[PDB]
Amino acid sequence: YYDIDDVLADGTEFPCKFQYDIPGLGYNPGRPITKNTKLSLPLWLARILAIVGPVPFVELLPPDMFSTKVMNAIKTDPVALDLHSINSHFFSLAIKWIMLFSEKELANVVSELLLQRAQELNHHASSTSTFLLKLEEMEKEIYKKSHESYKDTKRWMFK
Amino acid sequence: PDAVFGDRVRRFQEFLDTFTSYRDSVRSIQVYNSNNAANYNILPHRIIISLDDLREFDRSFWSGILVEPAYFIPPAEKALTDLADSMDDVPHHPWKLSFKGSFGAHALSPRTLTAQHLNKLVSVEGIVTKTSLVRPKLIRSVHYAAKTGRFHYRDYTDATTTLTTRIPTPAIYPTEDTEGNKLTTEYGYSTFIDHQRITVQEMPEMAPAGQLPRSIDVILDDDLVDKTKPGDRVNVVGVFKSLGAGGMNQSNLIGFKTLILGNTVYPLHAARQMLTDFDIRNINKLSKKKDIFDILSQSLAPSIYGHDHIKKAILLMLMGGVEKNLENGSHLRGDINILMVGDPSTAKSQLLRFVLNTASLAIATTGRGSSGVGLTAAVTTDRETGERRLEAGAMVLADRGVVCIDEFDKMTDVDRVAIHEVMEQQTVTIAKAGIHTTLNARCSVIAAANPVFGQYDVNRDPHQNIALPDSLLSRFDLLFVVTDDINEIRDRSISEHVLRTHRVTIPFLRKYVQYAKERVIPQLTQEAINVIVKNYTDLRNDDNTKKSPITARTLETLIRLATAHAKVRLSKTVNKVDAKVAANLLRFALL
Amino acid sequence: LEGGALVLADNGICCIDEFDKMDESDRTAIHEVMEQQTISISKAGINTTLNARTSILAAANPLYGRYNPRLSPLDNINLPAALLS
Amino acid sequence: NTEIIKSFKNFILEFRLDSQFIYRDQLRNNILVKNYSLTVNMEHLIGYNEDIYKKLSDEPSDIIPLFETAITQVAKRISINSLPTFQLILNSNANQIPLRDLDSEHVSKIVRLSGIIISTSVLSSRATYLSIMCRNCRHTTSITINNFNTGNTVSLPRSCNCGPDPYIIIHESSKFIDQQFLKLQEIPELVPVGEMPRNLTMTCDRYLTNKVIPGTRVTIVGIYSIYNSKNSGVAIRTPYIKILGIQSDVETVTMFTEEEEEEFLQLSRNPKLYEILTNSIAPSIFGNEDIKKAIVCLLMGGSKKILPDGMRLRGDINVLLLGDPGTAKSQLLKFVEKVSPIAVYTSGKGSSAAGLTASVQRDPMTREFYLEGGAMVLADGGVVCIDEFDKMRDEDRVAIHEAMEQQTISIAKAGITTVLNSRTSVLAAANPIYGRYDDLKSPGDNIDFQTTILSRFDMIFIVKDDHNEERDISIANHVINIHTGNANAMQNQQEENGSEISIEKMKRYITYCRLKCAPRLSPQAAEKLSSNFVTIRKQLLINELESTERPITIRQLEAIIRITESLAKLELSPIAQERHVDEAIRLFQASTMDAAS
Ligand SMILES: Nc1ncnc2c1ncn2[C@@H]1O[C@H](COP(=O)(O)OP(=O)(O)OP(=O)(O)O)[C@@H](O)[C@H]1O
Ligand SMILES: Nc1ncnc2c1ncn2[C@@H]1O[C@H](COP(=O)(O)OP(=O)(O)OP(=O)(O)O)[C@@H](O)[C@H]1O
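Chains as they are written, first to last, in the working numbering: chain A, 230 to 388; chain B, 29 to 619; chain C, 8 to 92; chain D, 146 to 742.
Don't read these hints as lab results, they were simulated from the structure. Check the hints yourself; a few may be wrong.
Computed list of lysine-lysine pairs in PhoX-like fashion (alpha-carbon distance at most 20 Å, straight line) [what the hints assert, rightly or not]: (1) D:221 x D:483; (2) A:304 x B:148; (3) D:661 x A:369; (4) D:375 x D:437; (5) D:661 x A:363; (6) D:417 x D:652; (7) D:437 x D:652; (8) D:179 x A:363; (9) A:325 x A:246; (10) D:483 x B:285; (11) B:545 x B:352; (12) B:128 x A:298; (13) B:313 x A:267; (14) A:304 x B:128; (15) D:320 x B:285.
Which chain D residues stay away from chain B? Per the calculated CB distances, all over 12 Å, these [to be verified]: (16) 184; (17) 333; (18) 426; (19) 535; (20) 619.
Quick reminder that beta carbons are idealized off the backbone N, C-alpha and C, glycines included.
Working from the sequences, and respecting the hints, build out all of it.
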């Protein structure tokens, strides 16, 4: 869709092996790619790739960003975790996969992390140091709204 | 004891009952412990636990161990040993827990530490240096009172005892216990722990811009002792101990010597390694091809043009060359050593960085250098308790590994004479004050040197162009001169890849080679001999009218070279087919 | 004091390498070791001359890089004439 | 004594400078931060109460604890556990004092001062709180160091038989802090006379620590005092000084204010943004703009390419100032050091006592060993100025050959063999041999003998000073104008007013820039260049067809490549321009000309 991040969300390569042989390799001279060839794929294509069958066209292996080592690591110190490092496009992204695979488990998990970041990021509302760098872009923008919110507020405060 | 201690133990029931995977693992220890009991008429008590379960168990008990492990831990210590009793109580003792993590906060490197991170179990990683050597330490004591008999008993607690602070109780040592009978020291019934202490420097890779690294200490006890040599890359995890006075201990500035105790300290490669099946089968699949080796060659120079013959020699050096030691006689040198030479901007030193990475052992060298390089240089005086302790230099520290040398020509000849001892003899010899020993350095080695004078490395004769006479020439199995000669046809090739520079898999290689190292040595086959005998002889029969030096040592390399390719082929036996490869690079060695 | 080498090798053969690199300090000693049956130290308060019965053999390398047939004898050798005599 | 607390608490609350009060703001501002800190303006403090300032100034050390224990009070109001005491830093810029004069009178007197630090100690703990128990009575107690001037100030009380002082340390329950132990030296300019500059150990605690890079020019405040120690007399104590606060001239520190980016954006928009810097480097200097221009390209930092494998592009290049005296190149580098945020001026030999080789030195006590430091390490990741490079001893001169490329030094001295990282950008000013005639000679036959020394160098400049009448009289008078009434110096104001760089801000600009953009060349620039040097590679060999001896390397081209990002970095653009590249060609062509001679 029209948000740069929307198309930006589909751009990252996703390591999904196909269910079928595919003559006319889009990437090269297979020409067909043998069934269960493991390859990273852009989300947009991969979005509907296995969506058509009735068996799905791609096995669609789960993201390393979603690794159990990731999902547990976040359980420790999300405040300390660098989301700018992980993807960095994540919540706007993972929601797609979580929309894609339709799992509730990490959802009940990650959403809280979103809050955990939020609480402290609310501390940033006051007017640094190094934490600001680890924020995701969508996670980064949120502050712009808040920073200027009080900025004009305090600048409004006097004269 | 507070139920807070008894409850935390009681709080550890359902865990590790769930996850119960550790329950039988300790039982797996129980059995093997029983196993050894079966044969003799070895495993450490301490067990690994992924911290993670606490997040599915107690998040308060979770972070608390990260907060006040000093408290939560000791009860967890009991239940393990306690259940350890229940696990096997039939037949007639720290039982520590590691925690890989499940991190972290508490994830920090040594360069950035505390004051808050103090008194908390934390992962910290880096070089192992300088790693104080081990000494034995008692805890329990026992005695006999004659003539009334019975048996005496005594316990001890130091400053580094357990985890938490406890009342210091140096006892001297138990004697004449009432009634006043003579008490003879009794041992082996009494308890002992060999003690170890080491610091660790933070990585220069992760080191900041303009500042020096600060290595920080950690205690090593029981199995924790001697798990690793000094200089290693490893991540230590444990609570940070602040014990000791601030000068207040004696009424009268700086204060509080401090270090982390325990726990895991997982060795880290940045060897090891896991292999499995799928992976090694690629090795098993790739091994069949005789076409693989050039691929092995081409993968070596991602940024580098050609010199593939120079490349081929590198992997053949990775093989090790199949050391064969004489029975009750001296071994001939197994491994191969080489030196890159040629006009400036060769990217020879650049190549060493490639030699510097996947190689995994070992340290390189740029010119000077010393005093001693791999020499211990007699670490002294004392250090500690009046005890003289040598600490091996890089050349020793690099044993069973790679040695790269930059500016080898600039290096002082003083230690060069030692490099004769370093290379031909392939062992270290030491007498200084001092300790008197000869220790093995078999380390694989390579160096690099500029032309003696200017760009004339082409025109002027290669002799007088060596820059480091004489036997130094005999030592190296290969010396490749790099001509700086330029061609527009060449430069045209030189551009785009240099252009693509700014804008088959490598890691698979070192796994392919590492397993290729212990399996399997090709030994020897006369068929390889049949052609090479006419070869090397003919080499002395021709080359001596062309170049030099020419020695049987160069012939000895032929066995090394073919030995390596036989490994490159993963051949269980040598083949004459490999010699043509070695001879050709040896042809390229001359030309 | 701890002696060795020549003092240790006395009444027996002494094998030797890098004989050209033994420099002067060795040469004069073995120069005297050719006078044999003696080792002379006037150093410190030590005035002693101790018997060295050592059998002597050392192999040494020709002038760099290797010997040149055009090179005349004794020009090729790196050792002193009185040492070879 | 007591209740003087509320008076600060009053100024903590009662104070409002219109329209908005500060420190009360700063507190909550630090609250969510968990900063646990306050920076006080002392010159501001007098504005509140005239009495308490000097009332504080009388024995400031004793009223130190009267603050942070007070600041927590309403902070605790605002907090509504555990809550460690905040760290206050008061500061003043008003009367700066020379290091040359420290009078015992100044003991327990707060003094703001400029300074140049030699170094600082590795951090060590101090326990702000501790629990302690009788080794006998089983009696439970707790103690704190609430504040301190090291004394040692406190010890174990001996009143629990049981004794003596049976109470003992408990570290787990105890809570801790840190100290830097800075060693600061006076500014070299004045007033050492013929005597060597005094050096002083400054005490940094908690937040004070890690706040300053070693060797940096800094302004600091704190209290004069003396510690007996032992490790003097009769009964004489060694001098030491508290650091509070230290407000140091920025940076002198990766972070900066946001509006700075914008004012730079104003600079980034300028079409002359590069060309104005061409003038800024040489306010007093006249001509040699090419070499003058060749300065800036190195100023922005070299190409760092770390992508696998571990092979990485280096920085920043190499440059040679060689030419007859009257080149003003040594005078040039003196400007160079001033322009670099971190740089080392070296005319040696070494400079001044510094080992041109970073070298090993033993610890006096407890034996052991450590890196003694080296100029490459001192300035690492920054500018390098070198004079007498031809006068350099060739042995450690060898180490230079390594230092420039691999950019990592390693020594086996003693037991510590570790390989240090050196990212510095060196520039060689060494004077050519025999004046003019060496140009009548080969371009070589100057540095050492071999040009292999030149091989490691990138842009090497041979100054040709020609005696042209009009050319001299221009700068000739330009010289007099440099002098009283400093007519040229007043010209910069209008240049400061209208356009021209202030160069201290520019340093911040560069430091801004150096960390900001990572320019990657456009694909067509390279092919434009690939087609370029292949000619140059082919052409100079056509000069080599005569067997003429002088030179060329593929490293020669790579150096040029770093020029691509060089000015482009000034542009701030993500990728190198096609057009942008060309000036690098003709500029390096002027460098190639030196080979042409
Ligand atoms: N085969 C090659 N492939 C790519 N680049 C090369 C090659 N040979 C030389 N170069 C270039 O030449 C330069 C070599 O610089 P480097 O510092 O690596 O030289 P070095 O190995 O130290 O040689 P020396 O010891 O003679 O200085 C690099 O910029 C590199 O890009
Ligand atoms: N382009 C120039 N701009 C300003 N002054 C100059 C210029 N060229 C020469 N001078 C004057 O000439 C004198 C040169 O003295 P200086 O000591 O700087 O020479 P140098 O080139 O640094 O010496 P060396 O050649 O030994 O490095 C200075 O007083 C300087 O003002």
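_Tell me the numbers of any earlier hints that the structure contravenes, in ascending order._
1, 4 and 10
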